[PDB]
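Student: Letter by letter, the chains look like this.
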Amino acid sequence: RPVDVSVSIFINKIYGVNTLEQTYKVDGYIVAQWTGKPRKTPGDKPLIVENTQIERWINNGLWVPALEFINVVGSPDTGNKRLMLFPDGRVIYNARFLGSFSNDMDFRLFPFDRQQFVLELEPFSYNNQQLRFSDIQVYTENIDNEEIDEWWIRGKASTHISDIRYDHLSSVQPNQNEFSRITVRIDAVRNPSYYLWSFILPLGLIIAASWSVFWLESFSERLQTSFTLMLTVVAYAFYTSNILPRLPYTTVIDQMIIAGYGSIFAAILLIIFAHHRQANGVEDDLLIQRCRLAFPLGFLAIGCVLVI
Amino acid sequence: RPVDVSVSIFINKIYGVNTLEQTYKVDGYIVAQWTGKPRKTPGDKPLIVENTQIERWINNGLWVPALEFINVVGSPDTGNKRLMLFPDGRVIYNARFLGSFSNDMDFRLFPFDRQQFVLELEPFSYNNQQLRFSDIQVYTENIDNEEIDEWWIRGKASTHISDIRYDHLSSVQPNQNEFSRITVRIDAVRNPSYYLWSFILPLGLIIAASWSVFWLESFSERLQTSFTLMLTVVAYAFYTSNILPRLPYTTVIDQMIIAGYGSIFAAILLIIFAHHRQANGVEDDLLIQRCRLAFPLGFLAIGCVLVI
Amino acid sequence: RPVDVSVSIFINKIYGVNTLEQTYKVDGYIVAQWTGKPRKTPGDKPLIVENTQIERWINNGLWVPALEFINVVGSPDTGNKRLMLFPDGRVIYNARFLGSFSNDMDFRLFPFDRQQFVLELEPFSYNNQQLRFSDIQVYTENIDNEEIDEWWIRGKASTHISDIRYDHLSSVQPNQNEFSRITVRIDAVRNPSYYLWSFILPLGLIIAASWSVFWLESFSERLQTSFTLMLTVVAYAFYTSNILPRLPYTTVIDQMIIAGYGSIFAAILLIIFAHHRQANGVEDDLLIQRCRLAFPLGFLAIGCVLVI
Amino acid sequence: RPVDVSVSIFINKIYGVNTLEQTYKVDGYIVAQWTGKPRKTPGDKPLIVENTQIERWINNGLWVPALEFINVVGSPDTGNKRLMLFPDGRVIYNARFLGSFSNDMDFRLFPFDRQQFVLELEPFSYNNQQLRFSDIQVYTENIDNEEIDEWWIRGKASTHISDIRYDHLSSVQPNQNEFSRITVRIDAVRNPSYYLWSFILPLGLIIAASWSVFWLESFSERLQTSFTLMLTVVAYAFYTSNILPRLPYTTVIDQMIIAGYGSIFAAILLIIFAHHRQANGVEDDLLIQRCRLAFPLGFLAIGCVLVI
Amino acid sequence: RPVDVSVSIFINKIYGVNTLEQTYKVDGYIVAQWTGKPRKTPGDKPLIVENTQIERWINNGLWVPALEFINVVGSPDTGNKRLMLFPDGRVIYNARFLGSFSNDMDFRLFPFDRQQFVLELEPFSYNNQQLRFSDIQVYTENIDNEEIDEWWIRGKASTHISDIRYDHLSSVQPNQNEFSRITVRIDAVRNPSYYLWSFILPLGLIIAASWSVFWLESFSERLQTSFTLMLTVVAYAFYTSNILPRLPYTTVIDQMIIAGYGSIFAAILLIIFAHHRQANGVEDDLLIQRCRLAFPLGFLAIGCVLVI
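Protein chains in written order, with our numbering: chain Z, 1 to 308; chain R, 1001 to 1308; chain L, 2001 to 2308; chain P, 3001 to 3308; chain E, 4001 to 4308.
Source of the hints: derived by calculation from the structure; they are not laboratory data.
One or more of the hints may lead you astray.
In silico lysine-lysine, DSBU-like type, Cα no more than 35 angstroms apart, as pairs [to be verified]:
1. R:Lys1040 to Z:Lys40
2. L:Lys2037 to P:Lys3045
3. E:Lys4037 to E:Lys4081
Using C-beta positions, here's what the derived DEER-type ranges look like [claimed, not checked]:
4. R:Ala1301 to Z:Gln278: 31 to 39 angstroms
5. R:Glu1141 to Z:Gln116: 41 to 49 angstroms
6. R:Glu1021 to P:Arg3292: 52 to 60 angstroms
7. E:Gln4116 to Z:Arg108: 47 to 55 angstroms
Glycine included, each C-beta is placed from N, C-alpha and C at the ideal position.
The whole structure should be built from the sequences, with the hints applied where relevant.
Tutor: Spelled out as structure tokens, the structure:
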């Protein structure tokens, strides 16, 4: 009874990931094929109907279902539209699209995070007893100039056709509240190159050099310098947050910077402690120097165990 | 006499909060159901009319009221439209929408501020004696992994149908100046994680470490250090204000920074006083040291009462 | 002979002030009422015509004049349209609008500047002998919680109907060159809270603390500190300009920064002069210390020039 | 035989200069008048046709030529349209427009640069033997309070109708390859006020104060101070580039900053030279002291010859 | 059987390169000429059809194929449309367009990178047996005064007609696939002026002056100064990244900055080593002094090998 619709989605490009909105842009084609009333075509060859002419055929009573991207944000930019009307009854809708799609995205492991770009297609009006998805084909390019792309795709697209029961609506026998939904996924991983060498590494060097405060001889030298190190961390926090993607939570890099504040605030609490511990007002050079490699180890250890 | 319209609003996604404009984006569906004169439909199943075809039915005189979002800013992006014409007279209008809505939003607290995302629906032309909202149903998705979202929705939507008296009208007829209005609310709180660890805490450490200036031995050491601390607060004010949401008033964080400027400007007025308080311009080591725990408490006291 | 058009403009929201472009967004409704040839209506109650149907009525020869917003920048976003056609001939056009409007705006007194948001309405084709504005009503909401708004609206809107002679025209004969124009104004003042406590005040403290350089004993101490102060003002100059609205001229805050640069550059010219002033090339500690309150007065004097 | 079209372009507002794209926005009206075969209008009075109705008249075979803005970037936002059809044959097209126009713009003399805003109008389909521009009028508003505007328009607009030979074409009779083009010009200058007081002047003071390094007594003082001076120029370089308009080449201010980098790197090369020039490592205080006004003159010289 | 289509693409302006999305804007015209069934035209002169009228002719059964830009991102902004219908059967479609095109772009050699702006044109519905591109002409403005443009075009446009086999397509149907595709290329180079003088050069001076730390006499002077130098690099990394185009990989400039971080961290490791190398804790001035030209050469040697 239900019309069988074969879908094919060509994906050209996924880009423009929005971290805060949890969205991403997808350019590609969508093709839908189904079979209906046989038809007389000019010269008996298949008939082509382009763009504005499709509207005319719909007015004369041509059935073209309103397949909707469930997880798209706002009406997508539909390029050229096309109807291929065959004489043996079948009809093929082919259209190019560019739209912003939504999915749950966890960027907490940034810059070493993995995401999956999802498309979800479903009829807008017709339930599963009226319109059914027969199969889904997804074609992507095998791009291996990987390095220039931010994301390494881990495989061809994985699909999953299913039925979605919508509870609220004015139904009939319990089988008019279900809708056929295509669900496409494309797993990918972020290229951590740029972020390792231009953010992670310099931050390491800066945190490291913060420890060289202990190797200063005088006390005034040690304390006055820590305020300059503190200033440097603030400068670097501004550097990162301004260029790095904005999020509602802390990344790996965000934590390194918090640790820097601590490594310096700790130092300020120690640089100041050695100067007043022992009796006879002696310069407690016994506690410092022990610190000249207690921090370079304590941080390079205790910070090495954040394997959550 | 007035027509009964049953409304149902599905909410898919709330995002894109604009702090200055006091707005926010809402993606979802809207469903309107009413009953009118019965109709003979193809076969006996409900007839479906999608998008451009709905326009034609209205020209032939089908009644479809123009329900307007009162608090939307600019015409919303309407996706797919659908009319389900039942034979028993009913009719169901179903449409996808994405629009920027407005509401009063108080960000004076932050990042611990609470907001409620509001929708207000009302007929554009028909008063309550012509068109009345019978009931309103609001369905939202259950965010289970809310930890990664910016906003945590704290409870289901509250609905409320009411009547609106518009005083300044053209005609009057004492029963033609009232309009039926649906009002949906969704209370929510901001995820304060990122703002606590990456802004609030370091500022505390910096404000704390600012107090360790008094522990410098020389007078020259103490005063020259205060100028580097001053620089750090300016840098940190620039750091926050550039990434934090812009507002026309001071937040909690904005207040901490002003306190930082003062705690440092105060110290400069004290470090400079000790050098000339006692006679003979002696370094008043009796006055300082009293400050080594007057600020860590004085700042931690008078500042502890910010209940404004 | 000319048609009387009674206008009513409901204003919902004014926002999105663009300082460089001198523009602002206005959301609201517009209502125009006039009378023409009587008409046969379905039943005998007034007939309602919404949105797309208005176009069709115009084709059958209904007169609907093209009232234009003179000072709008780009075609405004028109929401729902409505014609209420009464049987006794009169017609009421009601439509919601959101557009970016233009006016002359002086931001020299920032953050204590005052502005008036202006709307200018005028027929596009029909002169004053064809279409005339009878009266104009402008309704605004009573802003109660203005403390959280950026702009405080002072008093209700002032209206102004007038006539404009367009000199250059083709058929003319000084009788077809005049047009009826409604002009609405809304005075408002900027909320100076955020700008006073987070910008004006800290800059004062920094300018104040810049004077505390003179209380340093050594010469090297005084000069080396001045370079850190110079750096601090630059840091603060970047801080302000990045968040403050861009303008083609200097504001109040912008000038304080120039004064800060001067007060520091001046000090550098004295700290350096004292080291070489009178005979014996004496470290003129007789000149400094006299200076420890010459700047705190000199700056509050030469800078006090409330002449601008 | 060729049709005479009289053009009149009212200019309301020029704004939104994009420095990188070399474009600018222009709001205004356009008027085109031509005459053809006389016409029957309801009443012997002129007939007015607004907006959507113009399409209907064109379908019935009314000739309305497609005058195109040659130097516009993307289709302009056309507001209200109007046809004024006179009975004696003449026709007047009136429409409001807002579009982004392109032109060659040299910002090398920034902030003291001069530009000319250009409009170029030409028929899209009809050559000069079919449609010819008779005359061109350009009307601008009286800018009285130009102190608060970004751009000062100097002098009235200059117009110029001309002919353009399009070499590549298909048609025979080689006299169908020329098109009538209106070309409007509007000279204007940038308001150099803000940039002089908030960028140029502080830059002078900062560059000036960099020279005061030579008046430090010790060698350690002079070299260590230069590193703080270096930091200031970088900070000031960041200040400018972030607020100043982005360009693909160096302005006047940009060069002062390069000179600033040099004057400090130069100073470091002299401070370091004096300390090892003479034997026995004696401090060449003759080289310094000569430098106390050699840089204030040497820099005020080499930079004084930027007469490009 | 297949229709011959002669294409001509005029390019007016290439601009607005987006580095992250790897896109660019292109303004220009497109001309397509083909021949079909002859027609009787008004006045027997070639008939011109502009904009909205083109739609009418298509409804009357005029064949106008839907040529698509393969590598465009989103529906392009089509300005004025035109059909020139000759009586002898031939047809010329002419329209202006502005669209954002996509292509592979390698910015690793930035600011010394070379790019090619590509257009790809192909029919949307009709294969090569139905519609074939006969020839392709691409016209650009000659070598003008390119000094003020961001991009210098180094050579004329290269054209290439070809056939593209879609293995996976509609049904299966062999040898009914393959599409005639025009492919335009325009090689260009980036204007390296601004980036050489305002980014590369100061960074050299800053990196150079960092080496002058070794010429400081004391140990405290050298180590404490390195912390000021470190701060300077962070400031410069923020300066560049904020102004420079954002990318997912390291550029040439990005690497220079990494070298800056290292040269300083290295310096801190040597300055600190000399203080503890030789016995009795003597300051190893035998190691330093050699460092006064080990870094200016070592950095320019082992780190400068920009070979591998």
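Student: When the hints from earlier in the document are held up against this structure, which numbers fail?
Tutor: Result: hints 5 and 7 break, sorted rising.
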